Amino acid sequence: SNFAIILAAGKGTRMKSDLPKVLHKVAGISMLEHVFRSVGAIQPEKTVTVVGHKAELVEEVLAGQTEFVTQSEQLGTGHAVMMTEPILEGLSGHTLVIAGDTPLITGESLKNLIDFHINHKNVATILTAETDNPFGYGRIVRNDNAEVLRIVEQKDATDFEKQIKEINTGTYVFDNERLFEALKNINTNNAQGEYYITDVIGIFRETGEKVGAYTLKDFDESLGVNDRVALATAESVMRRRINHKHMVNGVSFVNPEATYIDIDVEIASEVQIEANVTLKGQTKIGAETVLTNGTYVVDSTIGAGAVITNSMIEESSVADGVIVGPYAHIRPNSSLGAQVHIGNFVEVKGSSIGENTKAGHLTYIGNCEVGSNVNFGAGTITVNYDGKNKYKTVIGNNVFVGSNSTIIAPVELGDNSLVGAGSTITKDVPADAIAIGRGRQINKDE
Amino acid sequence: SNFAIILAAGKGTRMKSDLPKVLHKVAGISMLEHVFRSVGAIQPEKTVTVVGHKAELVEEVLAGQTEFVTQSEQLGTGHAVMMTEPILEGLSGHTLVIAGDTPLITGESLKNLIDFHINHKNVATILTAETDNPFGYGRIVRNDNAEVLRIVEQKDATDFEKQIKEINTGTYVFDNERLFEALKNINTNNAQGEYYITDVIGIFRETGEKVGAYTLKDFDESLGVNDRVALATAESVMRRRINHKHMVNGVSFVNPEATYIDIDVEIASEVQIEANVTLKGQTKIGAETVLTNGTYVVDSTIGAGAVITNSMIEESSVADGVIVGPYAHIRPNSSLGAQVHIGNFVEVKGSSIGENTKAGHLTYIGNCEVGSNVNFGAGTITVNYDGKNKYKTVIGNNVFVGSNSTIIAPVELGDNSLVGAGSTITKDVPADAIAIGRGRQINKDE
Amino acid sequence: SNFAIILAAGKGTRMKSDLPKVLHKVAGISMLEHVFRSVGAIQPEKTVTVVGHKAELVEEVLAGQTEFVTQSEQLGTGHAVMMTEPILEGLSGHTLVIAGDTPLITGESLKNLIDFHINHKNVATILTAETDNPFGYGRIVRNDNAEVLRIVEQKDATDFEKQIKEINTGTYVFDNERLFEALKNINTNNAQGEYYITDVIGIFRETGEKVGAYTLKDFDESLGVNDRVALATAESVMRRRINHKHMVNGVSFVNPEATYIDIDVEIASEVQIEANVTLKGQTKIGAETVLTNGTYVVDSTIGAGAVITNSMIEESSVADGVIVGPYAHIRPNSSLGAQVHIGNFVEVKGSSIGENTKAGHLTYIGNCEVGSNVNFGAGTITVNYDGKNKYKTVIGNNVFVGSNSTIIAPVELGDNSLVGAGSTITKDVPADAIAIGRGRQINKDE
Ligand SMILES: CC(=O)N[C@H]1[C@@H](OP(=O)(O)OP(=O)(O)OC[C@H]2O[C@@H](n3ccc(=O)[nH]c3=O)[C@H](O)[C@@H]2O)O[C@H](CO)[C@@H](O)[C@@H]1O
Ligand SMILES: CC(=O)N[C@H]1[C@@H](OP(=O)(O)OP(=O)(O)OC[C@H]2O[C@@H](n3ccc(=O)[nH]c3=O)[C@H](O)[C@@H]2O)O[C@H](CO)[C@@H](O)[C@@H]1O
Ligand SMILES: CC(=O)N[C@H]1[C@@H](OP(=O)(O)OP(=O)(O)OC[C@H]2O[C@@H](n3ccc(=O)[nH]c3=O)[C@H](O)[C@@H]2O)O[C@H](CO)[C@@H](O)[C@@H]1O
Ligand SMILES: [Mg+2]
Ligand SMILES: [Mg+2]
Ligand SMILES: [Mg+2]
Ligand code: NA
């Protein structure tokens, strides 16, 4: 029986933020969520998240996914684990304690940790790693025969102890029953005057209880994020992880070290992604689609065989074979039908665009229902706002909207209609009709 | 006498692509072409490229540059070399065998390899290297006195052999006459059930024939591209190589690790290139020209003293002192004369623009022949498409095209003419004349 | 008493530039300025900058901040120091000699260097470092008991000496009085036929004078920039330094290795900066402001809570809560009031924009004084240029400028006025009035 305790009540002073540290994002989701996803790998029967500093913000993120306990005052990591007593005290099993600021630890690593704990029949197992720059991390102190003696914090470590490269990742597995009894013996006699969870290791050794340490196969997973310098490193490692997975899946990257793809983004095989492409949120990219430098897609679905050249697309659906850009902007609630062509300096907002329709230049399409095979001449402006209300415009199939025209909603351009270039349309244009609304040209010789 | 055999018939399963692996691009050209260019350094009397999987695509790339032999079934690298028998069997000389998926090996390295082979009078010389992650590479097995015994593939290697860091690059030089006789002794008794070319090393040792190994000076050249993770590494190394050459040539780079310049791009001294600039194909950049972040140039010629700010330029010519951007788009078959200024949100397509002409904002110039010292007011739209045909517009010198005007082709604006702002022009405007075609302003008090 | 000598007279041949090497920029300022800033840390009583090659360009950069001496001919680093004789000869104190092409050395390092020199009572102290690629650097030659014997240049070094990893940084501290007497003994007997300053070390040893070497704590500071490859490395290290400082200060960076922020840019806590953001010159960013990929800001002030999405802003002021982009361009001498919204494909030039005003699409606002709560419809074009003169337009508060309208200066749109969409305005529109200037729509059935 496995139990889990996630610490997320800290102040995170070094972050210099009003937003709780654990909520800072890494590849699209908070560090806390990355940790929560890893925890699920051990299939815990009970999950408790310790909240305190701005608990309401934290509870909203994991609402309905974990039990919450409040730590009124941030008196220490050990004190935080004590808050889980009313829920876990008495139960029999292996209790995992993990920090909410170590977003790189994988579920696979946590599984190996618990398996090690059970196999070696330890009362406490520490997840460790080694690094050439252990500053800020608790050091793992062992004796001559490599037996774990205790964990000494940076601020409490001697110069000899500071030289230790083996660090505490902040993740452990404790025998649930022995954990809460050992917690009662933690004192505040240290540089911070806090209840260190790291002290339970020394406490267990007093009664000769078995304590071990499982070393991470990948030391990059050990990153503890206390400031924004560490947060950038987490972004770097997570970015490499995500992009590596995509490349193994058959996605080409001109530069995986400079491409920004969120954790839950899905990408089909044969997709070509240039450097400096950004894909955020619930974004999906179809097979063989090409994304060029500067393309920025948020919560959108893009089909197969599409080519998105240096363009921004938000909360929209893009069908197969759609060509967009460069410098195009597809705003929320828009839908581009199959083989639609949206060129440079074109903005589509809250509009549905039928198959094969083209708007290649300096055009604004807002709140419009557009048919198939429609052609928007360069400079076409649709007007949906008058100062108070928002009106809709309907454009039929095979409509030819003349260049530099101004279409004032609410109006409807019937099938096969034509709007003369430079015209201002304020009234419906019947199907197959031709509308012209501009001044006559007069030349004055000189 | 040197001969060359390039293997390009494989399936490249790990790539997860319909495009033959060797055809995947690195810095603008296929891996196969990079390998072909290196091969030329040995000045081979005969060059044979083994094709099989989608041979027609491969033959098109190197058409008229090498002899081709078909390998109906991909039974192995050794089997592939056997396909070159009808052409190379009997001839006397040093035969180089190279894979089409090792695009980083230089011609200089191949020259050193053949020179080593001849000097040491070997029957077979293997191009080797060392790496901390030899996974997937054939390991070089030597005895106590560092003599090459054989090459063992990843899938056939024991745990002891897998620990070997010295890898086979897939490039060798064989005595042509002894090569084809040793090929007859290759068996399919291995994990893949294939005819390994790597086995000829062991076969030569049976008759006490001299086999050696030449080690690469630069281990980065040893990269074997079997998947897209490796392809990204190839892009990274090739990108560093290309940009290093440019910096030595006097080109400044804010960030050479994040600048994307194709293999055949030419850049003059004193050019300043910000990070995230992309130069593709047959692009040439003149002296002292400045390219800012986001600029993307494809198959174009840009002169000296030009400033291309965050703009995309395709298949066009840009003269000296031209200023473009930010967010400008120069489309195919366009020509910008000396000191032309193209500003933000301006698109030029299939048009010639005379010296000193300015179009600084929200303008579309398509299929136009424009003179010198012309001024396009912001919002100027030229119309060349009516729904079926494409018409041309001619604009003379010193013409002042009023802002937000719509010029409907085919029309001609004579020298020194002026088009009033907001006008729709459907007829020719004589030289020195003034054309106005808009509605009169009426104010309604309230 | 501390004195300083900065060498900036060299030709910098490897740079292949008409601009003196020391003037090449690193993070917004010349290498010379970075060196000058570091020098100030030792609080020198006298500062002398040796100029020669294009001295006028160099003197302009540090005008009024240092004394200048001319080196007519570039006969060597030793010869350059000799030019400072008329000013420093006779004085008593510690004289620091530093190259103008080592922009990474910090003031803290120079302080530690002088303190070492004084403490050890040396006649000469060399600032050294160690590197695996010492090519081009003078090597530090020591004896069995680690005593500094001399400095041997790359071109004069034997194969044994070339293997030395300890390099000369080009920075030293000499006893002023003994310095000028030792300079008289420097000869041109070397590969370059120049007067090496490095030779004074050997000269001092002839009379048994105390010479030492202080080693840099950070070897990255030792970079000597002789070509553009080294200049890119300097940019890389300086970029990392600058961004690290910002992260410690509470600024988040998606990718600090690919974000370009100049040396004097100021950024408040809680600011979020995506990768590929460029901030240049005297730019200041307020608290909680978000900067997305592609944003490029030069000499501008941006307030708190602003969101600059993929936009370019130059020499302008942006107030709190302003939303800009994507693909917007704020040109010189513009001011955006609190909560102003500037959308895609909008250019603002030399204009003041009042609070809450919105221009969300394809609009050009030039030389305009705009009030508060004004709404610019998509496609709105302001005209300020007629061919010779520049005219101003004044727009009152709560004005509704209809889409695709053309406003021809000089004109004034009074408070609460409205311009009908597609209108060309050539005359003043009184407050509360409605102006319409377009052609009537005529439909022709078919
Ligand atoms: C005493 C202790 O455990 N030290 C460990 C902690 O140091 P470190 O100094 O990083 O500890 P933090 O301040 O980041 O706290 C760790 C976690 O506990 C939380 N928290 C903190 C204080 C509190 O009163 N309530 C609460 O819930 C924080 O929100 C965070 O999720 O993690 C490092 C690894 O990353 C380890 O090397 C250290 O050995
Ligand atoms: C058996 C063999 O040679 N193994 C070598 C091969 O492994 P590796 O597993 O990389 O071999 P690949 O599958 O990439 O084949 C190598 C080359 O031969 C071609 N090909 C393959 C099979 C075929 O039947 N016909 C054909 O033409 C492929 O197109 C490719 O150009 O290259 C590695 C270096 O990169 C070496 O370390 C391995 O020792
Ligand atoms: C002889 C000498 O000093 N060599 C040092 C110099 O080599 P390095 O070959 O780099 O010397 P440079 O040519 O860059 O000259 C150094 C500095 O002196 C200036 N200059 C040069 C020649 C001249 O006649 N007048 C003049 O003012 C240059 O402008 C530059 O600021 O710096 C390296 C560190 O970066 C050291 O490892 C070398 O030991
Ligand atoms: Mg922590
Ligand atoms: Mg291979
Ligand atoms: Mg130098
Ligand atoms: Na217009």
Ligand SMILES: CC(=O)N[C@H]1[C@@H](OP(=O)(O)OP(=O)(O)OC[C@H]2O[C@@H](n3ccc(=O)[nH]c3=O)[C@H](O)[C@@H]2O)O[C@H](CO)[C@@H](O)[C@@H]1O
Second form
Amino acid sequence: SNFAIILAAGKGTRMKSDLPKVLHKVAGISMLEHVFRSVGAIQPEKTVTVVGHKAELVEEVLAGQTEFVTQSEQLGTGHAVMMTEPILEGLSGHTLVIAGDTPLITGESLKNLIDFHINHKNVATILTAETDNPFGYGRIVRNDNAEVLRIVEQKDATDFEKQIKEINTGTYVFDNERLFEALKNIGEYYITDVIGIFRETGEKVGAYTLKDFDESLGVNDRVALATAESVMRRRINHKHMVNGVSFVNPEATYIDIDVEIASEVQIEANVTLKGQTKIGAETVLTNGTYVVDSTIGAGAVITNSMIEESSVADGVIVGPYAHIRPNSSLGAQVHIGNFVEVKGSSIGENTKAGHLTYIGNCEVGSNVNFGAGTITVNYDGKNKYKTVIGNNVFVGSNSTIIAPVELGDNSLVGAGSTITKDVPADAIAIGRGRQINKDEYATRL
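Provide the structure of the form deposited without the ligand, given the form deposited with the ligand bound shown above.
Nothing else is written out below except the one chain.
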């Protein structure tokens, strides 16, 4: 039986933020979420998460996927662990104590932490790591037989102890029953003082050493937040590359934790993919493309464009400098060119809009052609209207389509026309001015 307690009560003053430290994001989700995900690797029978500062905000994040307990005042990690008492004391198993500000720790590492605690029948196993610059961290003191004696911080550290490279990551696995009993024995309570109690009784204490020290990073400020962003960024992009995705520069490409990318997808440097984004097979993404919560089919080419909460079928060609705003759909083989904005509209297959065009709140059929400079109007300073555009409609360049209006199938709008009324199918609509040339007049200008 395995149990788990997630520490997430500290405020994080070095962050210079009012947001709970653990809620700061890394590659899409909060640090707390990354921690919770690694936890499930040991399939915890019960999971308790200690909260404190702005408990409301935090509870919204992991609501329903773990139990909670509130900590009034910051009375240390010991008091924090004591809040888990009403729910855990009286259960046989291994209770892992992990902080929520260590996003890089992986599930496999926690499995390894649990397997070690069992294999060595320890009463308390400490996840440690080695570094050639141990300044600040508590050091793991052992003996000639490699047995873990005690953790000593830089307040009780003698010169001989000040050289120990093996440090404490602040992540442990304790024997449930013994843990809460030893907490009653111990100006703040430290979870580390629990090891002192076990020592007096000569109870078995071990230490699992993390292979990658950097995986133990504890985020206390934004400098470390960026480092977490760095490790996580590399991790994610590595996986994608193994999955058959080419990266011009995986070190400078920004893909969120939950983004899905098919094989053969080619991604240039400086591409941003955020939220619930999916990329179909063979799709090409160029430098500057920014996608938020969108689905992109296969064989599509997104050249330096921004796509938010929209769907993009296969064969779609977009950009450069195009903007696909929320609630839009681009049918197969649709072409959206430079300086074109599509907002809250559905675009049928093969429709072309290659230049300086605004399509807002429109239902557009297939094989439609938007001439450069076409503007659709839906707002009047109060109300929002809709326009229906049929299949095979040719919309003249520099035209203005004023909603509500419907352009029937195979309709044609003359260039420079201002359309206020419906255009029946197969009809042509013109509404501009006639050209008048005046000789020798450009001489007076």
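For clarity, a rigid core is taken as the largest C-alpha set superposing within 1.5 Å between two forms. Positions refer to the first chain, counted from 1.
Chemist: So which residue among 72, 133, 119, 269 shifts its CA at least 2 Å between the two forms once the core is superposed?
Modeler: Result of the superposition: 133 is the only one at 2 Å or more.
Chemist: Quick check: residue 146 between the two forms - does its CA shift reach 2 Å or more after fitting the rigid core?
Modeler: True for residue 146: a C-alpha shift of 2 Å or more.
Chemist: Determine whether the C-alpha of residue 163 shifts by 2 Å or more between the two forms once the rigid core is superposed.
Modeler: Residue 163 C-alpha, core-superposed: shift of 2 Å or more.
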